[PDB]
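Starting off, we have a lone chain in the form deposited without the ligand, written out as structure tokens.
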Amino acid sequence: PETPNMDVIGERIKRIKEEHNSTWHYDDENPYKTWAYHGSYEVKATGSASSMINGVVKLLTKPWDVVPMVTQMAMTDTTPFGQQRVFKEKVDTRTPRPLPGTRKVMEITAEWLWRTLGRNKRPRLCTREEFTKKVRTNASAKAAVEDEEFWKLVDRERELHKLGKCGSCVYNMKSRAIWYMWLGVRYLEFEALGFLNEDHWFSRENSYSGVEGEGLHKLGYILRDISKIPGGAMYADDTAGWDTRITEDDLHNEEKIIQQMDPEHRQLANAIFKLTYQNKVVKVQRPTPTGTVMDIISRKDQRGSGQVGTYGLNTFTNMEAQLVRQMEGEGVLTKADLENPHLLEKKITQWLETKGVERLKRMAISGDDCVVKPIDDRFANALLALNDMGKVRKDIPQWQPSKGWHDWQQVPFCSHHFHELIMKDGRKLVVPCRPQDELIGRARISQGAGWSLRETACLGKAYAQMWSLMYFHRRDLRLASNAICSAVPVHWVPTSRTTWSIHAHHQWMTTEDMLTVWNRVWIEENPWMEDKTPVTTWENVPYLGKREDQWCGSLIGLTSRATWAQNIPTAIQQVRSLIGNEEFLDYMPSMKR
């Protein structure tokens, strides 16, 4: 496996070994082939095999009780058995070192890309004050940030970083005793790398390829604008387990941002990159016949999934990799160039100085998600660099050319596809869409354990309102949305998020009228909407065409759906009766069928 640096990872391990000295042992039967194994201690639990169901949403979506994708959505094995299954399958892998020429194209590209990214902005340290305002305004952690003992523990670790040491920065793929430490490890990386998000280095204005701060309602408009650029097909290749395909070489090139930092900042970022990103101590659960053990494992490469900076760094490396693939397709890169150690910077720099930015404007990149419209279709077959870099495509043989899209409306990006709709008044809307079962299925999952009737009904309302705003074009979703909003007390404010997505702007987290909010988003504040004439009725808010709706998972046409649509008032009354005597509205009167 990894030959570990005990002078970087040792202290972190020694602290774990000492916290659990009673049960600490070295299990010779450890499964780890590609990760370094340090030892185990005794647990349990830590997870659940079945995710909680929202009674409100399930009661108002009966035809979906027999839809397999809907029911699949709630099946997640968080048990040690489950954790070990995914680990052995997806995480315990080694990526072969890219060829010396590949490593050289990557470094030239990364140098140029960071220079380009920092042309107007400058890296900076993020502060305690900045972190505090974020925890407060993003819903146990809120108290920790107000306890001066948390900030004393944070300074303790920062002082170790200044000495090139690491005491508590351990990650885990799974009281104040260990939850104050978790937040402390997150602040220290926020302090050094948080500027990437806070200062919007990945915004479309700054990065050309980025979409940071755009929002789901805007991504489709962006894809449509890219579709306007002369060139080949639109390629949206998915990488199999991207985070695991992040090499020691990608980490070395990502680090180059430090070259733009002031001496005080550069020291803390160097500590994060060196001690936590390029050397990691992980704690993964393992079921034993007896009970549950916690294993202590370490790696040099791969990305840490929960980390601050995972989005921007994945976005940066992907932009770099897609630039390298465009060079290959254009003929600038060859098999000889990737195999050559003494690769010449000249033709690559020439292509970056002259073509670079233009080529970036042909892409929509968000973490591991990319949409690329090359100058021609040779890119489909430009796989030498991609595969050698470790960015192997998911569900496709290694040397099979990529599938390109000729219709932008069909391109997969950020778990959606985007439809162009014509409103009754002739104005066009570009709407986010995804398989309906994925939306209903997710809506049916109550977040956390034993949540009160209030939180349950409010989270249902959050989902219903997200649908009125983003997925109003889906027949089943507008009906279910009206049903939920009629069944939940009007004055009840939506609580808990419907998604952790970067692209979610949570416009539905309100008690404001949904048509008023719809107008703000789609008409008033929409940059691609010239005519600001308001929509006064949901009658003038469009739907997908019947057959597009059916292709995207709609149940319209089904006897079971027609039955549900008709008998929805009874289901609403049932939910009202279960909630109690509260102030409710009827939202069904909007062309009731």
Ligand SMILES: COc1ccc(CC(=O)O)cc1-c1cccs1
Given for the second form:
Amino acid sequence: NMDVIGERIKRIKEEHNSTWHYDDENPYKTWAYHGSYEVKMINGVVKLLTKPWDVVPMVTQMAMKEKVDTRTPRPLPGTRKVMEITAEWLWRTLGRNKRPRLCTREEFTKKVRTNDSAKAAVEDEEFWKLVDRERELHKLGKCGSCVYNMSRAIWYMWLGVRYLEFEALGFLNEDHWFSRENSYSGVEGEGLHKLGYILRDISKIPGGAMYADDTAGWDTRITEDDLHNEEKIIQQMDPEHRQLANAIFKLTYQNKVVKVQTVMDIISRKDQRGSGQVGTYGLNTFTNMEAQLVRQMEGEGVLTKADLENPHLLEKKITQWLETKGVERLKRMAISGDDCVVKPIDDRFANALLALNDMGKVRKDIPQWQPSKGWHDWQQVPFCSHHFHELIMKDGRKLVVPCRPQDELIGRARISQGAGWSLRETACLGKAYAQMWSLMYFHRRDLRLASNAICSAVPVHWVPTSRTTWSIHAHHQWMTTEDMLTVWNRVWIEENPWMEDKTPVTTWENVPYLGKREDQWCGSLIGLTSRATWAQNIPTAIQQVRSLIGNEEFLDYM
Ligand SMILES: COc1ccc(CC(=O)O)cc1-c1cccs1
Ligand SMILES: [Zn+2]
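I would like to compare: after the form deposited without the ligand, may I see the structure of the form deposited with the ligand bound?
The complete assembly is shown below, putting the previous chain first.
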């Protein structure tokens, strides 16, 4: 307990003698409690151009620790042996061609400069001086400020912990360990436009249905056993690298100190997965791959209830299954953190729930022992929040595109993050959403129309600033003043590995829409008179926005 986290706790309490009290009214049943201390907008452009969505409930809803505080039952001994053998095989497989390595101050500095306000932090040598400090400490087996939360110098300590984590484990993302080519099941770096093609390729594999089971609170279900298995990547590092990485796992993952928000609370726990940590996506992806392989093994009859309870379980059958079929089984899945799609060899997988429940990965909103429902159409499978619709262009070429309920897209676009933002900043974020819709959601009639209206409304030279999403699947091709059709051709034709015919598309007229029935099923307002009124009266609203923005140069895209 205290040896590992004590120093971290002492600095906060000593620094906060101004108000350090122990509350006996603290609601912490699972996390350890140490003490606490006292502490202290709609996007108008988009809203004006989407009047019909002013009513829609999902749009209004978006404008406006209960699960974290639980314990996960320890997995059984046989399960623990199976997870261990599987983790060792997977880590060796992921490391077959790549070697782990330390990440550097330069790499981290360059990432920050192109992604706030830590830019000022990385430009000051004082920041790097303290980092050299937890590092000497993180190297002797201790950390003193390496803590996380759920114009004060405390910010430097937080950013410092993140850099130290990046230095030790950033190579998983920086060297693409979870790319599809390296990991087989991974989709890191593919991007949203490619996920649909990946599911369609998965559907070609012979087998049973496609399963996409959601886990309830995945981060809260990461056990002490999962963390031990995740740490096995350490055996592949160089001694200098092994020392720092071991420090990150032992002192910040296997032990943690957190701050929650009026007053602030200091709590600690030896399990669960940290919120903002750098290795979270990669470690979650690795653990999900291991669990899904284990579920496939149970599905094939390789693992039984007796095997899960057996403390003296023999490795040979697991090693043989992994060695002869493990890569093929990995190839049947698309896994991004807690999102997974699995196409097992047959439908026995639907009822293979002993190991999955035993590892703590309990499926959300379904009785624990009810069989999973699979899909026979890859187009109905949900993954990373999306539908993947397959489309035929007028020229006969086929595209695979992503659908999501239209109210979710319009609702997000209508929200600006942060107050005190000028119209120019607001118009630019609107342009970013509009251009994102042109690139990814061009097949929705309402979004293409709203997209044309926003771009007509804002000055053509203006550069979209601010991100429309934090998703790891977003490549931000829409953050540009380059012609969107040129970008569309580059993304969907030129750089598209699934498009053999490279003939460019010269007009938006040749860029297809979803079928009218499907567009309506996915939330389109097309066919309602209110939509027709909006479409007819859109130029008037565009002129209204242009007049408020001022005398700048605009283009008509209707
Ligand atoms: C898997 O891709 C996503 C998942 C979720 C979301 C919603 C959000 O994060 O704001 C957006 C996306 C993307 C939109 C455009 C390129 S990625
Ligand atoms: Zn530390």
